Amino acid sequence: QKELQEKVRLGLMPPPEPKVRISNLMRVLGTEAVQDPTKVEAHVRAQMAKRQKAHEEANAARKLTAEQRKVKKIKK
Amino acid sequence: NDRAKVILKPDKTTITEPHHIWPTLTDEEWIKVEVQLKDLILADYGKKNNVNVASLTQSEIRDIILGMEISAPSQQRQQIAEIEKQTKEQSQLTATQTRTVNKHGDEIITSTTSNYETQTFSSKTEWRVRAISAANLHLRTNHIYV
Amino acid sequence: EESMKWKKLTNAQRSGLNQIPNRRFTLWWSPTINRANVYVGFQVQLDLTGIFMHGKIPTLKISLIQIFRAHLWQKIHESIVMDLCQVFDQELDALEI
Amino acid sequence: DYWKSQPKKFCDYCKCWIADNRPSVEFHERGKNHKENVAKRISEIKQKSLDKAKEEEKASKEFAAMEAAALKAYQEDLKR
Amino acid sequence: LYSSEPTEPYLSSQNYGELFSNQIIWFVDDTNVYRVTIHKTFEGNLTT
RNA sequence: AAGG
RNA sequence: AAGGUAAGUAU
RNA sequence: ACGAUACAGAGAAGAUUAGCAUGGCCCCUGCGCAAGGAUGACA
RNA sequence: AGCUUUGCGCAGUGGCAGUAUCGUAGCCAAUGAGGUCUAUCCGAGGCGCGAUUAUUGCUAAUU
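Protein chains in written order, with the deposited numbering: chain H, 457 to 532; chain Y, 1947 to 2092; chain Z, 1510 to 1606; chain F, 3 to 82; chain W, 1753 to 1800.
By construction, these hints were calculated from the structure, which means they are not laboratory data.
Any given hint could turn out to be false.
What the hints assert, rightly or not - Far from chain F by the CB rule (all over 12 Å, computed), these chain Y residues:
1. 1962
2. 2006
3. 2066
Unchecked claim - Pairs of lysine-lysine, DSSO-like flavour, derived with a Cα cap of 27 Å:
4. 1570/Z / 2031/Y
5. 1984/Y / 495/H
6. 531/H / 519/H
Don't be surprised by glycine CBs; every beta carbon is placed ideally from N, CA and C.
Required output: the full structure, derived from the provided sequences and hints.
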């Protein structure tokens, strides 16, 4: 956390945008949600899908190959 | 009402099912439709209020879209705000000399700069008002009761 | 007064905040406490105001200072004078002014 | 009944507190005392700058002399 | 000292965000309960 | 700015 | 006789 | 040596305000690490 | 070949509580911390001190 804060303050990293959900949509951007409801909904869902995609990519990237699963099992 | 109906159907291809009140538009099309409707609302508010839609802030736009009414303060309310608040950046640029008395009852001539009791009463007899009153006096000349 | 009741404050701050009920009580009955018949003595004219204090009633003086802030007395006099000016301007011909 | 204290301005030159509005500030600044204090402050700033310059040149001279003496001592110790 | 009836919570432009909760809300409008239609005839008469 |  | 001084900045 | 004048005068109150993320706790889900449990399958 | 248990990470979603969360080149502690109930029985941290908007950051306003 300290490293991320130092990166943000130093300018190497952009500041973190607020996390927004469906229940959090109005509380974060009520002024923007009134003028453009569908656009704000699309932006919020895009952020949520980006978070989910990052989670899946992290999980899958670090996944034992099917042959590698056997290699661990064939060795133990 | 009339323009909004035309906006709700950009093309004759767009149709409404008998059991749906609103047109069946895709998720992306609704963004453009909402933008167009917001532009309608802002433009008509500007037309009715003689203001430009560019200078309206996000909070003002939200208030316009909602039912919140930004009513212009009355002439009485404008005067109340002036009295209720201290003079804005009061500048004592004008000095007035009046004949007064001191705390010991001695007649004295004092020069004062505080901007109180300095309002000017523009009367109907003051020549400054009557000068512009006599301007364009030929309007009364065309219509006569001979 | 309600908001400050539940805030972290020092003893002096809370002691100062317990006087508002007394100030309200004093100004409610001010035309009675602030009398020359009640407090026999000299009069002191409140600054920026036409109010005479017949005694040091700081509980009343503090709340009278707020009411006549921003030169309210002068503004009232000026507004009344201006309104009478418009009244007499509207009746120039009828009153032969 | 909420008490709002009027803003107050502190004149550093005269070391006094005045009301923070255009009339009072301009009246104070236009006064003789404020002008005298400003002139005195400018004179003191100039005097302090000149004194600091004299002190730093004296310190540079003293350090140069001490460095020369130390270099001579180190040289004669090396030759020993 | 106050004269007007005590003010109750009102749906304003500030608490508008609080409206979007998971609880059930209803919007009751009686503007169009008694409704009439008038037409302006070219003769200057208007009908109801 | 004026007074002892 | 008091418990009744506003704190000032200018001239 | 006050006071008179001209100016200011609210002459007694961090009155602050929302959003998000961290942190605590408790599950749930996915992935990795290290161990292990129980069971099924004909020539 | 699947299934599944425990512990440790890494994330995601969700819920709860801000009279509490940490820090320990301070001290004591399974060679027993701490014991109102069950005591020839219970078995783990306790104490002192320090930090604080009863964890801490940014962001947006007013300033």
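Hints, verified against the model:
No Cβ of chain F comes within 12 Å of the Cβ of residue 1962/Y; the nearest lies about 57 Å off, and the non-interface call holds. Even its closest Cβ contact with chain F, about 28 Å, leaves residue 2006/Y beyond 12 Å, as expected for a residue assigned away from the interface. No Cβ of chain F comes within 12 Å of the Cβ of residue 2066/Y; the nearest lies about 20 Å off, and the non-interface call holds. With a C-alpha separation of about 21 Å, the suggested pairing of residue 1570/Z with residue 2031/Y holds against the 27 Å cut-off.
Taking the CA atoms of residue 1984/Y and residue 495/H, the gap is near 13 Å; set against the 27 Å cutoff, the hint holds. Under the criterion of a C-alpha separation no larger than 27 Å, the hint pairing residue 531/H with residue 519/H is consistent with the structure, at around 18 Å.
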